[PDB]
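Enquirer: What follows is each chain in one-letter form.
Number of protein chains: 2
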Amino acid sequence: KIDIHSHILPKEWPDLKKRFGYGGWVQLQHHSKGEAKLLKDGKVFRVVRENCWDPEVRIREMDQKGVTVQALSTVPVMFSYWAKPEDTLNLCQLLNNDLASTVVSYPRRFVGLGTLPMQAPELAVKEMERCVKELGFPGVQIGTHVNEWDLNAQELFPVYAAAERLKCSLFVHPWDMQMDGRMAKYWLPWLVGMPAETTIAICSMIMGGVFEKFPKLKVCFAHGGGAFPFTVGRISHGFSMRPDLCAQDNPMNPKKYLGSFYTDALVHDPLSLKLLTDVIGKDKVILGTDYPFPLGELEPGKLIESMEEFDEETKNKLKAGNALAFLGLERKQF
Amino acid sequence: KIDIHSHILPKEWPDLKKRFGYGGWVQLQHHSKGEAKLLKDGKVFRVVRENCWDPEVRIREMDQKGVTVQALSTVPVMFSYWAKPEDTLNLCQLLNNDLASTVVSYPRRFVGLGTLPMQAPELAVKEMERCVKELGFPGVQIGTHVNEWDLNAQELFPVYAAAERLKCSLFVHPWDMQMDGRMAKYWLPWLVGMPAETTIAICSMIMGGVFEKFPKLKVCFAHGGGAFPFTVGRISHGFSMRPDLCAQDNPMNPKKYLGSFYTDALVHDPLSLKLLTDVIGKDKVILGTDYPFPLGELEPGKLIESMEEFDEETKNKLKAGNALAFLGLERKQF
Ligand SMILES: N#Cc1c(-c2cccs2)nc(SCc2cccc(CC(=O)O)c2)[nH]c1=O
Ligand SMILES: N#Cc1c(-c2cccs2)nc(SCc2cccc(CC(=O)O)c2)[nH]c1=O
Ligand SMILES: [K+]
Ligand SMILES: [K+]
Ligand SMILES: [K+]
Ligand SMILES: [K+]
Ligand SMILES: [Zn+2]
Ligand SMILES: [Zn+2]
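First to last, the sequence lines map onto chains B and A. The C-terminal position of the first sequence is numbered 335 in the deposited numbering, with every residue numbered one higher than the one before it. The C-terminal position of the second sequence is numbered 335 in the deposited numbering, with every residue numbered one higher than the one before it.
Simulated from the structure, these hints should not be mistaken for lab results. Don't take every hint at face value.
Copies of the same chain look alike in the list, so a pair counts if it works inside one copy or between any two.
Stated by the list, open to error - With a cut-off of at most 25 Å between alpha-carbon atoms, the simulated BS3-like pairs for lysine-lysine come out as follows: (1) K256 with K217; (2) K256 with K44; (3) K275 with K256; (4) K256 with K186; (5) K303 with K257; (6) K38 with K316; (7) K214 with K186; (8) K283 with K217; (9) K256 with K303; (10) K283 with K256; (11) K66 with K275; (12) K303 with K66; (13) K257 with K186; (14) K18 with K2; (15) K275 with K303; (16) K275 with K2; (17) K168 with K12; (18) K316 with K275; (19) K275 with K257; (20) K275 with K168.
With the rest of the complex left out, here is chain B:
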């Protein structure tokens, strides 16, 4: 029904080294029909298909797979938290506007998840205010960390305060793992580095008092919380054993916040999905696909259809019900 985890790019965008005056950016080249390359200062790193930018193609594959709504967000490599703040804000506004146009073209099939200049919180609050009031976005997508800041950093608290005030949902996506060293092999940053990033982000928001200070803030973590649903016992036990190290910014045990945030259902395995629903809750698991990248779910929702343990009310919660709750929307997409 609803896919909370899908990425989209504009059909094109200007040379960002020319626009801003320094390198490190991502561009897009239509080298042949139906395909395109993603470059970084000339060096290609991935090839994408038409479904990465063309909404016409996405709607076709959405009807084919049974998907009703896609929550569109940018590709996390575009976060650009490393750049100068004024330049990231410029890029965020470019990416957010293209999202708004794609959503208003098919308001029954798309919702928008914006991008924020997280390195400059005063600018990110303003761009969030524009994303909610003007662009009508139900939420934004942010990384699991912002340069040397984990999501516990006090500098980020005005952004959380604004998001809780604006009723702006947060989708926390892992990015900027170590790409070299020992991690330059076996696709380790994707297979292991990204789940570790999400686990760090969950712990950092819990022990940083984020969920405590902003109880109404609605957060969702990608890839089923990473390793958190399995390692929560170790984390919870460690908090109890060393409160001098873990209980200084927030005194509550991390298990208290089970049921205070969401994760997506992208775990590929039924055993992993059952533990996910068992630990996080049947009301806090949302169907996500990572469309259109191949590391995601090929048949959206097939893993939830196959679970004989879930009743039909629970399947419909993971397929679409929990997405509506996290986004703060109603059933207006028949």
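Knowing the structure of chain B, use the given hints to seat chain A with the ligands on it.
Expert: Chain A with the ligands alone, transformed into the frame defined by chain B:
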């Protein structure tokens, strides 16, 4: 009945900075009765009790907790893979001999797992052969990586080949995670760094072809494999979707290796333990405690015994049966 995961230190050892000519080593200083300080070049990093060195104290606690046998291994901070090879080997002789003398004093309560100078595979094979033949150890404890080498590195294959031949089991313990920067907070190196170090180690051994090339090698991973039982779906899926990044040293899928290695049961929560035996297998999960450190299990086997889902045959496999099969020992312990 059997605890495969417990650490012990010698009561004393000389000034290592003077023994080897450089700093960075660990010293044990007794400041009070029943307590001692661990120093890294004068700076304390934890206070330990007498049960970390005194075997008499361990015996009393083992009787009171119901533990028949402890597998004694050194504390991973003593791995010393960063130092000169001939100096780390010097330390391995000191640690393994002291480990050996504690086993001969109570030979039905202890078996030894020696330490090796893994940064010099040729010396490691020598000292390991000495451990098995001259000292009688059924295995050794090694880290999840040796400097820039992961456990897939072909430089370490002489260690694996000697292990299959000598019938020497490998207990792989996470160590040398990032300790500073973003990880310097909330005990993250132990709560998140250690499980991730172990997940990387399982992936490197699988995708490096270690289990295929040494099918009789007996390997056990610590802390329930870290994140592997929960994220094996994503790891297996990422292997099939990108054979050009993962399948260049071993074409077999990671799922085919569920059942080719052991993990301990140190996962603290019932749902984590049930998933652990669902993925790794009821015959490949071993009771481990991390004695005497507080992050471990205070009452060994209490979690296993409380599992209503398990039959008595399964509980005995986790309590002692799987440890004996992994260590390759018979019931010489009454
Ligand atoms: N290596 C490598 C490599 C790279 C990069 C190298 C350096 C910077 S990005 N990008 C891609 S495209 C899909 C994508 C790109 C960026 C973030 C995400 C988050 C997710 O959906 O999982 C997915 N595919 C690759 O294999
Ligand atoms: N931070 C910090 C910190 C440190 C260190 C800092 C730098 C080097 S060690 N050591 C201890 S003592 C038990 C122990 C020490 C070393 C490895 C293991 C593996 C296991 O869990 O069994 C346990 N406790 C701490 O909290
Ligand atoms: K919202
Ligand atoms: K920053
Ligand atoms: K053995
Ligand atoms: K137990
Ligand atoms: Zn994604
Ligand atoms: Zn340990």
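Enquirer: Now, for every hint given, state plainly whether the structure supports it.
Expert: Hints, verified against the model:
{"no.": "1", "hint": "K256 with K217", "result": "within (18 Å within a copy, 41 Å between copies)"}
{"no.": "2", "hint": "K256 with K44", "result": "neither (44 Å within a copy, 33 Å between copies)"}
{"no.": "3", "hint": "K275 with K256", "result": "both (18 Å within a copy, 19 Å between copies)"}
{"no.": "4", "hint": "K256 with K186", "result": "between (34 Å within a copy, 19 Å between copies)"}
{"no.": "5", "hint": "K303 with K257", "result": "between (31 Å within a copy, 23 Å between copies)"}
{"no.": "6", "hint": "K38 with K316", "result": "neither (37 Å within a copy, 54 Å between copies)"}
{"no.": "7", "hint": "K214 with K186", "result": "between (40 Å within a copy, 19 Å between copies)"}
{"no.": "8", "hint": "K283 with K217", "result": "within (19 Å within a copy, 42 Å between copies)"}
{"no.": "9", "hint": "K256 with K303", "result": "between (30 Å within a copy, 20 Å between copies)"}
{"no.": "10", "hint": "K283 with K256", "result": "within (16 Å within a copy, 27 Å between copies)"}
{"no.": "11", "hint": "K66 with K275", "result": "within (23 Å within a copy, 33 Å between copies)"}
{"no.": "12", "hint": "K303 with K66", "result": "within (10 Å within a copy, 47 Å between copies)"}
{"no.": "13", "hint": "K257 with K186", "result": "between (37 Å within a copy, 20 Å between copies)"}
{"no.": "14", "hint": "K18 with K2", "result": "neither (39 Å within a copy, 64 Å between copies)"}
{"no.": "15", "hint": "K275 with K303", "result": "both (14 Å within a copy, 24 Å between copies)"}
{"no.": "16", "hint": "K275 with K2", "result": "within (19 Å within a copy, 31 Å between copies)"}
{"no.": "17", "hint": "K168 with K12", "result": "neither (30 Å within a copy, 59 Å between copies)"}
{"no.": "18", "hint": "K316 with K275", "result": "both (12 Å within a copy, 23 Å between copies)"}
{"no.": "19", "hint": "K275 with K257", "result": "both (20 Å within a copy, 22 Å between copies)"}
{"no.": "20", "hint": "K275 with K168", "result": "neither (30 Å within a copy, 38 Å between copies)"}
Of the numbered hints given earlier, the model fails hints 2, 6, 14, 17 and 20; all others are met.
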